[PDB]
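Coming up is one lone chain in structure tokens, specifically the form deposited without its partner chain.
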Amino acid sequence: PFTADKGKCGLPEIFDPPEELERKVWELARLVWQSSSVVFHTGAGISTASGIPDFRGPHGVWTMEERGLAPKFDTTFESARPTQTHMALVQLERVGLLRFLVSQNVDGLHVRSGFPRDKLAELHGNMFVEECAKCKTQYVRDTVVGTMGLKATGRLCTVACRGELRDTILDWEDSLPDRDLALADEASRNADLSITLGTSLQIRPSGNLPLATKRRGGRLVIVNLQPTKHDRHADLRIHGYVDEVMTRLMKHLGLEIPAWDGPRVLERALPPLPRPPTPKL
């Protein structure tokens, strides 16, 4: 909170004009269609349309802190509903168009959305997830785990164990979880397309994973209202609200954004569902 360096905060928003936005979302369609392995990278900007403020946007947690004001929540973590973006990603995984999802978000919404945990990396941890120090068994709770920085929560392990239970929320000095970073890095190196949604890309190594896709000729799309640390490296930069982008993409792809049934946890990806045939490009 003092020692922490918060990167650049409160940069100006960019809006693509509506005909450029429409053109660019068609090109995002064309690239999704051309690709064999698609990885999505999400940050705090996908949850802003759910009432959860971001870090470095105009009213982000850190931006407001810099000006001596508070960020504002229009929801609790528990009562937050996944966005259209969240549900678009669920569907794109179910019809096999997303190989893997890498998220810096600690907000719990991917997991509560129904997104399979074996295709998700939560680089910064999950506020609803506690982990046994002894067996490493993870517990997805209906309520936020009351501590941050990999501290004792008060709860014991209930396996076959009685290990001390601790939060998954990284402090500034904490190493990223080895499993999640290992898988996110592998998915990012093998992708032929990395699509960044609602991240400023300013945190290392989280914000560098999409760069790994450009090695051996992969393409990079950044969707973001503000500039991001790697705009220069993008084949396609879309300045728009992620909900409007992802709903036009899904319409181009012939997909519906499915219903949210309330909080549900899926450990393992299901077999792939049908998807529409590909346009000639």
The other form holds:
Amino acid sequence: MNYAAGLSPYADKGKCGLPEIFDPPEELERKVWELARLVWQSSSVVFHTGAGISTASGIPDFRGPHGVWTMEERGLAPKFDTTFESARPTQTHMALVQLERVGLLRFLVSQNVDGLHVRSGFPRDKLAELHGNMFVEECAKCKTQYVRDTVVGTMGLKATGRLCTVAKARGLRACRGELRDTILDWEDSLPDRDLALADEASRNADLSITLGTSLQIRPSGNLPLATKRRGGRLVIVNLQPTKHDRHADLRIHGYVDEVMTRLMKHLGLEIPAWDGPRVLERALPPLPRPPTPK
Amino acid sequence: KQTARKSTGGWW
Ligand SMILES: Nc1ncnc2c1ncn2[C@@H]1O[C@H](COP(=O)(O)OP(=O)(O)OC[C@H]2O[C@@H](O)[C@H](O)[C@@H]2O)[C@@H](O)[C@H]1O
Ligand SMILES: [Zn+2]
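So the form deposited without its partner chain is up there; where is the form solved in complex with its partner chain?
Starting with the chain above, the whole complex follows.
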């Protein structure tokens, strides 16, 4: 049904529709408290997010019980409560903006194309959008990018119809390259610089925490393992199983909004309210850490 | 070394 967007029909959709698992309240309470300890005691924390952190906004995931691939695989279409334009950042989106402001998040690697991290105000220089961003187009000639307020209008790295305006020939001519969407199709190369930065942050983290991804798509799904190579720790947060459950130092099965609400509570940090779509290109210097909670 | 394409597979 996605083709349509003229996307490849030859993808391997992975394991779709596995049962959800829910930790009982007491265990969960225990786990989120342990998470806070890890986040406070680690000096370099990298988060990795997937489609599961945008479900509370009305965007479906891919392989959940009602995921877009899960439904397709069984001959059904999925259902969209919201458009990408009208989607609102969730409490988890807003929590990550705050973590970064206070220095508790070194970097954020996302697989999501819904544009919400950017639109929530998350600074672009701490973010790798490894699979693209429905609001971003890019010059085929010169790689310069343009962030738009509306979706760019194609997927699969196709010409959007606009042209590049960067200055060429010592100021005499415009680039005029075709702008293209940045939505990777199946088996496209990841963007070099986002991957190189995501890889660097993952290899250097001493804590990687995954949120709302079943980790089945590489290489983004393999980045949280890099941390374990230097003896850092891995935390997986997800309702379904994930491909790398056996490497987790801490596994939490619960709703991300609920997990991040509590985490912030233990950390002493309010979750900012969202004003509306606001692009921040570069991080501010860090606000000071809150009073040591433990 | 090893590919940087969006797909399903190992990390080794
Ligand atoms: N509110 C929630 N809280 C916690 N977990 C959740 C929530 N909502 C959904 N989940 C879980 O989030 C996970 C999302 O996994 P996938 O749908 O596989 O999405 P993701 O891992 O981001 O997919 C990777 C890639 O696959 C692609 O085809 C698309 O390119 C995508 O970027 C699912 O396992 C689902 O159980
Ligand atoms: Zn250009």
